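In what follows, a structure is listed as structure tokens, so that the remarks can point back to it.
Missing here: one protein chain of the complex. Every other protein chain is in place.
A, B and C are the chain letters, set down in written order, and residue numbers restart from 1 in every chain.
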Amino acid sequence: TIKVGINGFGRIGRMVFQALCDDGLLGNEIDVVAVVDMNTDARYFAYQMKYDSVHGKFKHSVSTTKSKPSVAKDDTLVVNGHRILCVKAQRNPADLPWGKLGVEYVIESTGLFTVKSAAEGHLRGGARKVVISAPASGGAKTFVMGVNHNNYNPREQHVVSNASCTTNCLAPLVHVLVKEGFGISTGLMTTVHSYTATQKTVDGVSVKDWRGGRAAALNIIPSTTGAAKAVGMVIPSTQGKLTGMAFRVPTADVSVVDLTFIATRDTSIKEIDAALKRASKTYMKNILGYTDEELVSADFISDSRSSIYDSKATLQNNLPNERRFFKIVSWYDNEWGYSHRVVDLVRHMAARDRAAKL
Amino acid sequence: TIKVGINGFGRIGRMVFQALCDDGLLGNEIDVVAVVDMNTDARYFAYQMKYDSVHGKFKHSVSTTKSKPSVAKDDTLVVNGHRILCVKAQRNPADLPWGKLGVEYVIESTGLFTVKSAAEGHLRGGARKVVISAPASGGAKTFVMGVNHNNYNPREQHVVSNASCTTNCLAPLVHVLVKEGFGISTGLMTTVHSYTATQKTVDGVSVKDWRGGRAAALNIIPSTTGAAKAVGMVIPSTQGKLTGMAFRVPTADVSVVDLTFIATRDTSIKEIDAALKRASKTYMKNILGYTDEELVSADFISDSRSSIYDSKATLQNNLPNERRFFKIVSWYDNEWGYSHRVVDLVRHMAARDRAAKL
Amino acid sequence: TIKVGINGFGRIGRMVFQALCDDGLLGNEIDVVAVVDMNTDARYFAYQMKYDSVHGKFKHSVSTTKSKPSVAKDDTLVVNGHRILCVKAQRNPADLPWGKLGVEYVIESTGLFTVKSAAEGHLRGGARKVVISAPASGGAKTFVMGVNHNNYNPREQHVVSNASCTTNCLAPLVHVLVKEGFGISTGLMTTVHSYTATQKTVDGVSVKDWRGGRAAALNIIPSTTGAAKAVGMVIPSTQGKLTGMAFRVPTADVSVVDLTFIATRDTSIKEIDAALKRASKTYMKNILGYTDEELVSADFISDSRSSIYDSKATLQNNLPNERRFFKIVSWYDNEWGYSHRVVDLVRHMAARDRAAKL
Partner (left out) sequence: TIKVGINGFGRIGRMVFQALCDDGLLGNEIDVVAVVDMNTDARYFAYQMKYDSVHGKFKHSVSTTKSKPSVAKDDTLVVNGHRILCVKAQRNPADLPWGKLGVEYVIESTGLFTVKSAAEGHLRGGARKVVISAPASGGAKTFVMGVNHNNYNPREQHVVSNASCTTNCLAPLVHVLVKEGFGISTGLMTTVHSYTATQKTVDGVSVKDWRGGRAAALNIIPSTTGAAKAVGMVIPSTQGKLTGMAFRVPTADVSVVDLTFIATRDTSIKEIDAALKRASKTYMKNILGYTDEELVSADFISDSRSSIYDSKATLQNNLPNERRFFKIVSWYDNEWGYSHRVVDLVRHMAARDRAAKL
């Protein structure tokens, strides 16, 4: 993909940078030109980059410098040799130095430009392709790697969406259920979810979501989800046969899916279980994973899979002799894996604008 | 019920004593003679009784003294005027002074005599009726109030069991389903549960449940449950049609039930909603309640209902135009409500041994 | 104080309204005319008023309505019979309808006009007396009740400040030290503090306090404090003899002060203990309290004292035979008590503008 920019430098924007460093690609394949956020103090950025409450220390050298010598405060990050420019946040993306800086693919991480025309200002700033790191609205095309990232059309798709974190976990499960031919005549899902950057420490103000403003670490907070819905988007086979809800509980990372569906033919949990495990070793490799150990949420932190099927949980917990009525359980680190998928899409698209394959 | 004894004085045994007190029954109707635990320092008991990290300060006067004046340390609780005797914990219940203290109904709260013959040792110490405040085994009778407490037979049942907390929350749900004639042909359930006194603070030893031993306030911990199972005991109609699992999340009290079921004949969530709200006002009154405000877990503390139906959560989150495939959400304060049902059971059983009716 | 207005309706502004209500002063003595925040949906206010994750459910009747019937959504709170007006938040306080609504004492609770000229804009909107519910700057007068509230001068002070919470807890401590004649020649202090509405749930952006931005419920976070500092303002006697720091620990409410000081003339902790317990019963009554039970943080919730002296903790933990080198431990519910002092200050100031004395 080579020339890359990053809009909004926190958590995902931070984990996204990090993945492409950890996967050894910075300055051989992907060239992060600049990052942009609510400032340009390059050493806060370096502080944020080295020390993380959940995922741990950065395993790389972080350094700072000034572009030009009339600056006041260092304005460039120098990660493992490479120079990335800190740029000053803008209320409207049209005012980004994209074309000038020499950026062609930009990655959206603010959370303020979900609507497709909004994010489209990046193109107008001389950016060339936009990937919205969340569920976009207004006719942006949604991709879920390993389920439908082959629909990507270099001529058609210009501002795209990489879906949600929960959509990315649910989608790979439904795909092999449909493809190996068990089916979903209908389905319902819960997600037990870690708290995020949009919750408050103490009872706060949330005038659209009343329940969401309440004290984050003191509660279980029922909440809504669009994850299922969007699946229909990515697998149009399944439109309006699925839905769900979310509970937010006081854990700082990692989350899980609880899927209850009715099948299209007579099976057993035993046969589904075996199908899944095997897609792990074949076509869904490195997207879908699986486990048969007795693990807890702590144990998937920094796990770069999109979806990890908990085998004993499922087998242990369905009705015996049943033929259609099944539940499935699947983990996912909501920051880490999704962030990898963001880089995965970016390389794919590039390669495909015949921006050199890999 | 007049003469009562309590075996194991913590959490449940503490909540249970407190219940009958707040419900004003101590010394008019129920007569707590003695309690027993891992000692006989009555002031540690009083300290334990007056201050609680979750439910708050005791609204009653606590006081200690000694039975006879050659004792060493006070051994009688003097609550709001009444004199309860602190009694020394025993490895074997057949060694309790039940007959002698003059105790006839005894409340098992240790967690150590769930097996019917074990818990029968109380009858052997001169005790007369024994309620197990937890799912028993070995042919002890299981009761759920407002669901089947009327099958109680003064002649037949002497060691009985008031189910579990989750069984007491799910049970009334399914009840009015079957009754108002919706049916459950097949059902699956999840409960997101607060942690308990059997988890560990840090990674611990749990050779029976490996996942249970992990650090409790740092994890989501999948776990099993017999709760649905036991429902078919209480409503035989539904034997072998129900099952589910639990998730232990880092909250100290309150929990929630997520039921997903398939109806027996066509309906709409609209009508199921209504039927549930009516049952609240009629036959299931004070057992099952409902809410249509935007409450979170913390809002259910010290709520003495068995099951509380969350209406917005439900209505918001089902499929449109659906006939048979439905999901229901119900809250419950896992300590409190269950402690009140325990008292409710003792009284019923009492009046029924023509131990004077109310 | 009769006519009152409140600026910023959360936590403190919510606790402050609640205080005068529980202390039965709404509509006899104090007259809350209007409140103002980031909107005017009076039912979100009522939802906010009735349910609290820490302090519990409102013991009063909450109700909403509209001022005039061309409004769109209810805009008046109707608490226990009284009609408060919801008023639209303003970037600049000189744009408040103070004069017009007929408001004379206004309570600043936003956290945005600490600078004396800024907070003076209220006088400019027709308001008459302004209390800053947080340490102010720029020559605003600082008061601490039961320590120096008597220096208040109806003619002199118009924009005033009720200190901080920690300043309100430490201050009374040092007071009776100096008075009973022990002296402080030099002192240092730590407070172990609960987290607040300015921390972040996950690793966040805090370019001013770098350590402050880190995940709040996962850390011990050293931090500074001006609390001792401001003490020399309130007791000038001790200027430049005090200082200390804070540690932010993962609890939602309540905090503690750990004072270490050097006396002016010989004594024993035994005598210091006694003097403190007496002051509780005499001149500092209702401000400073004490305890000699084995209470933990949770036991201080909704405790309306300014400072609570932990006697066992202190006596247990000083050097034997020591004359001058001493450590003192005092608790405090950082939200609640301070909200009550704020009301206490308004009344005092009121009566003093001969706004009728109590």
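FYI, a contact is a pair of C-beta atoms (placed from the backbone, for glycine too) under 8 Å apart; a residue touches a chain by one contact, two chains touch by 3 or more.
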| item | value |
| --- | --- |
| Sole residue of B:216, B:343 or B:349 that reaches the chain not shown, by the stated touch rule | B:216 |
| Residue among A:132, A:189 or A:296 that touches the chain left out of view | A:296 |
| Options C:3, C:122 or C:214, residue touching the unrepresented chain | C:214 |
| Selected residue (touches chain absent from view) among C:65, C:67, C:198 or C:316 | C:316 |
| Residues belonging to chain A that touch the chain removed from view | 47, 51-54, 56-57, 293-296, 298-299 |
| Touch residues of chain B, complete complex, unshown partner | 10-11, 37-39, 41, 44, 47-48, 52-54, 195-197, 199-205, 207, 210, 214-219, 250, 252 |
| Interface residues of chain C (partner: the chain not displayed) | 186, 188, 190, 192, 210-211, 214-215, 218-222, 224, 240-241, 243-245, 247, 249-251, 254-256, 258, 260, 262, 294-298, 310, 313, 316-319, 322, 325, 327, 329 |
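Going forward, only the chains that are shown with their structure count from here on.
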| item | value |
| --- | --- |
| Centre-to-centre distance between chain C and chain A (centres being mean Cα positions), rounded to whole Å | 43 |
| Numbers and ranges of chain C residues touching at least 2 other chains | 47, 53 |
